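There are 4 protein chains.
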Amino acid sequence: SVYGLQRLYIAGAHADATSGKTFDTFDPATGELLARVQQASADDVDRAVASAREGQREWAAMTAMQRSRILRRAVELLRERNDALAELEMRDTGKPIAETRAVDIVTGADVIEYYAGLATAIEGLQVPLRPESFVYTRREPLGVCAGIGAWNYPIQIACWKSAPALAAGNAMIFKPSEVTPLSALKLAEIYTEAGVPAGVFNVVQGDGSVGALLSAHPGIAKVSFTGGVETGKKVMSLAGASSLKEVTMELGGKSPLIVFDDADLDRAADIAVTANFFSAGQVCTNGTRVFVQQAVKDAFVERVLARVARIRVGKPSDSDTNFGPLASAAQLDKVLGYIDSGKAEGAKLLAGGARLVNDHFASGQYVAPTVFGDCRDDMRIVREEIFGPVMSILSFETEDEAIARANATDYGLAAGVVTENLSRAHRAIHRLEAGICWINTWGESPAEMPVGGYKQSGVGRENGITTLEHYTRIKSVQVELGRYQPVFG
Amino acid sequence: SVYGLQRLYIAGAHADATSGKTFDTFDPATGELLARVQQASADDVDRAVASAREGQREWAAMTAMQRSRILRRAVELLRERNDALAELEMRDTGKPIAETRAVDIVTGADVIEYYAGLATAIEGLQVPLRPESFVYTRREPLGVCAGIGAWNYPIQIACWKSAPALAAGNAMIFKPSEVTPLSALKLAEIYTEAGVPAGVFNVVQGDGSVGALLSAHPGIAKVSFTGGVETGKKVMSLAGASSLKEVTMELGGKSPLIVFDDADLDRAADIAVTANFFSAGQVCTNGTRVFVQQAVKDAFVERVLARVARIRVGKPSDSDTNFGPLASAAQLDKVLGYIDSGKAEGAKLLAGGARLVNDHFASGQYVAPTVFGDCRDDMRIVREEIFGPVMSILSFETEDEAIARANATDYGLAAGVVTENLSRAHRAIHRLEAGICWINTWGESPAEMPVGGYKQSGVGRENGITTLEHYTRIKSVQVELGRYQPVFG
Amino acid sequence: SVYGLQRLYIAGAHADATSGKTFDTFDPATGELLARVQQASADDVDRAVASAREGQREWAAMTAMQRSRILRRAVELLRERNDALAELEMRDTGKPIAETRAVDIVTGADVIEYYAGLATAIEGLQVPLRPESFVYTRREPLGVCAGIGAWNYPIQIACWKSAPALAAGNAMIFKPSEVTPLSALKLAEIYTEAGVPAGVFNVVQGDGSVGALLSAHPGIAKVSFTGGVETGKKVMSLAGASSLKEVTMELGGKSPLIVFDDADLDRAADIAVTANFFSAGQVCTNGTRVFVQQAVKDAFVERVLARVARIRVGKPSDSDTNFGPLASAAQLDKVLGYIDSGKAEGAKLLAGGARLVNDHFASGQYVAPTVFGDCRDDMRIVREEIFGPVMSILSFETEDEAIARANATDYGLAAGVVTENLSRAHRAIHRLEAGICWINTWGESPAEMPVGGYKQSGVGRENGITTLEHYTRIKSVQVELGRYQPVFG
Amino acid sequence: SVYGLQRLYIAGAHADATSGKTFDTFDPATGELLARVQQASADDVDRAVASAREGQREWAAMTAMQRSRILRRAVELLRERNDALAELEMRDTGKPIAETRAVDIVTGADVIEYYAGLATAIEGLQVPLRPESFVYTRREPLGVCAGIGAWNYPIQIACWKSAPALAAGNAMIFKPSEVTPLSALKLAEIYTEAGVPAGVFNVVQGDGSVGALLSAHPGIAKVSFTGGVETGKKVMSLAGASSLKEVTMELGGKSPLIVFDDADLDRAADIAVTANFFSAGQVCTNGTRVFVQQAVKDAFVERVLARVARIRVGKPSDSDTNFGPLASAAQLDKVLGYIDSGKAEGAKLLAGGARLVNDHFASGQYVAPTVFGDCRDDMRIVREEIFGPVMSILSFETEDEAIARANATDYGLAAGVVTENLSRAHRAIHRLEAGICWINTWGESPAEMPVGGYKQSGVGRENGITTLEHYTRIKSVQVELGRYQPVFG
Ligand SMILES: NC(=O)c1ccc[n+]([C@@H]2O[C@H](COP(=O)([O-])OP(=O)(O)OC[C@H]3O[C@@H](n4cnc5c(N)ncnc54)[C@H](O)[C@@H]3O)[C@@H](O)[C@H]2O)c1
Ligand SMILES: NC(=O)c1ccc[n+]([C@@H]2O[C@H](COP(=O)([O-])OP(=O)(O)OC[C@H]3O[C@@H](n4cnc5c(N)ncnc54)[C@H](O)[C@@H]3O)[C@@H](O)[C@H]2O)c1
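Protein chains in written order, with the authors' numbering: chain B, 2 to 490; chain A, 2 to 490; chain A', 2 to 490; chain B', 2 to 490. A prime marks a further copy of an entry chain.
Errors might be hidden in some of the hints.
It does not matter which identical chain is used: a pair holds within one copy or between any two.
Straight line, CA to CA, 20 Å or less: simulated SDA-like cross-link-like pairs of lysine to any residue [to be verified]: (1) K234 / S244; (2) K234 / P219; (3) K349 / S364; (4) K235 / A213; (5) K316 / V488; (6) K344 / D379; (7) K235 / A217; (8) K316 / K349; (9) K344 / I312; (10) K316 / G490; (11) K298 / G347; (12) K335 / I466; (13) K234 / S446; (14) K344 / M380; (15) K22 / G209; (16) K234 / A217; (17) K344 / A12; (18) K349 / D375; (19) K22 / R384; (20) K234 / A213.
Please keep in mind that the hints were generated in silico from the structure rather than gathered at the bench.
The task is simple: from the sequences and hints, build the whole structure.
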């Protein structure tokens, strides 16, 4: 194996698990074994909670500025090690090195940096009731938080969950996806090197059974989960049933991109291609239902296909590549099944549609960038999240029609519109039932911008000032300065 | 029956249920039948959701000030009808008319009044990213919210759940406790009279199975529940597993009141009595573990018992009464079982301890105000919420000991201290793991003050500005004003 | 006279001044004497301050909700008396009854209503420093505030200054313009009837020398002034030099309206006419420099002139009138001098340009709606605020040129653009140096929206949540719970 | 001279003035000439404004995080150079090296660090008006700001004024006191080294005439001033009269320290000594009216005198010194004049009272730590700020008396109480008319805590989130998405 045996990270050090079990992580471009990874046992999760409880006490007793400085040092280390971490993330995920060098660590560190600076701005309120009595609130740490990661943006997710948790004075136990377990360990080392106390960021490893141990643990105050809707429902159920934990969930989507007849069509085609094929289509917010107004449909499709034909499919370790394999064979099987469904249900295959098996591609999990035209709302590929590089193009006649069809889903993660018109841009966005909305762009997720789902695409939010506040619990304190008037007299 | 046949309230009118089933509500002071009440079916809940969806559209399309004015009119009607509603609430709950006339409707209307004024102050954010792009957020209504009530403060709970929901532009379907189904229908009539559109406040009736219909319904965006911890775990589980609803939960407690050696002991005894015997002990925030420092224990207990002996136990319809029956026979059986447990495990009975069965008391559910001394942390009466008039007095030696023992519970609703010392008052409160904290007072819950539980006593909060914010969902809108730089070039 | 002798309003009643001096107010449509008005002396201002100090104590001692309810009662009275107050305001100002019935009292009451609801939401902060110490802030009333009014919106200005001051717990002494002294006394009667304590809203009367008495008085904590830039500089100077008062200033402008080549030209012409001729041109925020892109200049001008020709100039007491006289002979002389200047410097007269003196118009102060074309940036009519019905139309070629020329002024009150393009609308507004910015509309000033000037057009803001915050002063309280470590040991 | 010829700092470099004039700065411990400093001319101030305008454009066009990183680098440099800057500040001010090494740069950098992290959290609002229209606000930089410093905390004041100004995207032109001109130049170098663009922090030098050039300059948007009340009144007057600048002022005080009969008397004596003799008494917030309740007066005075006798008066360059000379001969003359007044008016001299003239002290400006007892409210030393090491002790009988006498002043900067009682601590502080209030401590000014004066002790605030917001101006933007309804039709 490339990276050897990897283990748990508890109490400021790498540590042997006590399960007697390991799992494998692979390079999905080559099938090379990257590491054997020890799986945490229930005892290990218990120990990680005890460790986090102890570290949280020391961390929360520091001043807000002491925490700020330590997180700022972690940011420095992430910037310094960006390229090395990007190489590891590329190996583990299959995403192109051109992506992991520019996006994954950059934006992960961006959010740690943002919350490092805001760690001093967490304030309660004060309000008088009368001259003799007033109320103040404290925003106290929750305690020990759990984060459960997905495999498409492993280190970015670890950063985005741990940053507001740590900035607010919590500890976090993080479990990466078993598909991509490696970079979370590097973040744990960096937090320790930056000065984070032992236990404040612990990493446990394993499959969903280890995630369930975290969701059920009575010593954990909050769970933050990124993954599929079916798993999210199990997590929220168990986290609530076990000990009434606070919950945040980010759960995938079938987000609509609406290209109006007064769109800039070059802009629209660029957006649609980014919104469907970045990270080989494995992005929760991807704009996978592309609604295009009839009058510009043919011109728009011509532009999309010309851009899709120029995608540089290749080895993700090659800097010239901008589209690589999917992250697993299970991914490839599911995506190819959806492509079969689209063909069977009468969608028109306009580009791609098959696994690449020539030369080195045969050793990886490569599916061509795929575009279906003449799609209908009742098709499986239109109704269900594919989580791969499959664009569905749907025509519409009127603005009201596009909005109604865009909203006719139980998903609600993202939405976007392309139009040059001032009124249409805002009025359409205001009617779309999604938490993350883009006008004349797609995909950017600034640290300042709260992101999360409507409907079954999630609960709660990440990023922005509001998310830092949601990693605290409110204590209201009423001070009575006057005589307590007896109620029983 | 006193009040006749009572039904559902859907789409601005009373309406027949379709379950084929009814349940009875009684006067717990006399056993008189107050009403036969129709139970909602699954199809009735569906109809209530469709009605709420329609009303929510009209309500949200109004301006914030239009909603504010209508809620202010509802406040006027609640003030005008205070005494008539207080009589109804006294009949249904058994709480003294002296309480329901001064507290239940007054404070329910107080919170509607507060949120009416704040309905115009729900604001998103704006933040620039660069000259070419900026973000704004919208705080949009969730849609249809569900509220599930408890029987100890029926109309107050209905007011506190519906006020922020309606002010933020939502509709609410409310289910009162089957023990106290009557006053919620009066609130629904009042909202309609005040100008609330049909469907914006609907009432369904029934036992826990009807509450579960609401928690599972895919058309409901949020559930707010008041009740016991074990029911709350079931609700949060089903609400999350069904459709990833947002959840607020207020779940009872075993709140500590710490009387220090430098407390004003008259103040402390007054607080302890209020904190244990108001509403015949049926208050979630009651200070039912009374910790008293050894040096003042005997003097404190003497003062407590002198006040307990002056409690005016009697018919709740008599204005001179300040302590009446419990709300049901099941409540009485549970409370009497706890008294049996306390005696068996060795707690010293200092006052009360038995059912009152002389003269008219035999026809009601009356338990004497009960005080146990020499309690231990391991006793069932100290570990478990009794939800009746049973005070447990525990001695301690040191401040560190009192704080450790106060925190050694999975509950976390309220806490309080009595001390004349500036440093001790705040330093102790800051270390107590509870959401609702009182210094030299107990029990007041101003509209401005967020209230809710730590640990297993709750999720989320009620009241205060922050609670209005959590009856909206955040939509982030990024506006790109410049060229979209192609990612696939 | 129509309304008789009018006096001061101090300590909850009308009261004789002690200056020995009076001044007259006239109806600018007819020259009829409306009232003889007593002028306040320095000793009267002292008495008003002592009265305000006493009333402020009672008012601030009330709860926030008590103040909220009283302000809401004042709103009810203003709505009930809207038409009678509108008639008075039309007589005193000369503005059409169609305006005063729909705008002046409606929007004055709108802002009192908004702040009434927010009076309960004034909150300080709390922030911990370390376990042993924390800070909270109080937002305390300033004390006695002064408001100085202008004659174009007399009762609206009185409402907008007094509403945040009173909601925050202050008293206010208000001096209306000597041109329009009457409606402020009616507002003072209404506040008293609504339950405002004696002294909380006092009215003094007189010219600028009485305004200076308020600005200099050592017992006044803050001055809010509406008026011309040159008077404002005198007020802010004296307010600061006398006792370091806080200051809010709203000072008029020369606001640009930019009509782009992709504007809806019917929309643009409607906006331009409203933005220049409402209230006979006597609006501080009027868009009196109308920049029009060359390609649409002729078509835009044709539409403007067609609308100007349909303005209904007439008696302001007739409901069919939508354009009446100016508020005084001094105003007319100034406006006519500007028209003379524009003609001399070469501006092309397109409409209007002279006093109306036929039939009844001869008895009033009427100037025709006037439009100049082919204007230059160096013209006096383009550089200087006219405060009358005189539109200056300026052609431009490029967007960069329009923005540069729009910004090339020491004014900075308002600005606006007309364009159908999403990018242009926001990018242009973000570059315009004005506090009040409109896209595809003009003139609306919602209670939620902070309004005020950049550069020499003002200091501070009115309306919105932030303005309520600036009618309080911050007290920071640090609580030390631990040992004070000696600095001199 | 020790440091040679020092000059202006404009456009990223040291620069020759064009006045032909210099002034001298001295070491007040020895009379050694530290530097000749060039005085800025009017042309130099004009050039500094043009430079600041250009640098502000580049600085504001950066992202908030780019500004944050550059300010964070400035903090690193200040930490690295703390001891060297502390030595310079000790030479220029006369304050003990034990103070300048621990306080002046530490807390100056603390505030830059705080605002560096908050530079990303400056947000406007968004609020809907109706489906067809919404408002958003921008918080835009003011532009070029001016800061005018005092000599008691030269580099700390430069940091505290420049930090929120720069974090919010402004440039600042700073003029240090001519008594202490040196360390502001070092801060300017550090900002440049950290990456601040040329012109964003410029330093001009000279006496009050140069300060007046800044206050009058039409290109400056805001003035922030620290100094005496008489000068503050001139600054606010001229800043308002010239161009309606925004103004912040911090202006000295006569702050009361109230020692109650239930104070910890050792704590109280420690506080009183710190609050009167730190920085040789040259602190604006010093607690120079020490009110002591009669029952503890003698015990309190005995403790104060014992601590005063242990003050280590000596050379400020000696690390063992904790009390050095005053900053100038003019200071010494004024302080000795006040001491003469106290003696003449009958105050009892309890400690100190004279200049130290033995050995090396004769070459410095040394006044002994001085305590007066049996003071009265009508004494000059009690009514007027001395700005030197002169404590006035006043006895009182009742709590109401102490509060009334504490408030009977036109000052209102700080106040504090010493008491062990919870109720008394808060109820007294809530009644004291001062912006900066301390319970059982004195003098700490955390970055999170807004600080400034009531009454004639100031306008506006420094520090806290609120001050960052006051270095922006609000632009409200109304977007109309629907049809503009013609007003003239
Ligand atoms: N503020 C609070 O935290 C608060 C106040 C009042 C009561 N309580 C708690 O309520 C308890 C009362 O117990 P109880 O057995 O009479 O009532 P409960 O807790 O079982 O029921 C409360 C409400 O939930 C409904 N319900 C019951 N089972 C449900 C289910 N599975 N799904 C959905 N809704 C369901 C009930 O019909 C009722 O409306 C007290 O012991 C106390 O702990 C809490
Ligand atoms: N919102 C605004 O910015 C706004 C709205 C209305 C009017 N204005 C301005 O008001 C101007 C009207 O000019 P005007 O000469 O008739 O009135 P003005 O500006 O001189 O006076 C306005 C008010 O200030 C008082 N006043 C006058 N001199 C004073 C002094 N030295 N100290 C204190 N108060 C003093 C007046 O009595 C009156 O109440 C218009 O040209 C326009 O620029 C501004």
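ask   = Going through the earlier hints one by one, which of them does the structure break, listed in rising order?
value = Hints 3, 8, 9, 12, 13, 17 and 19 are the ones this structure does not satisfy, whereas the remaining hints hold.
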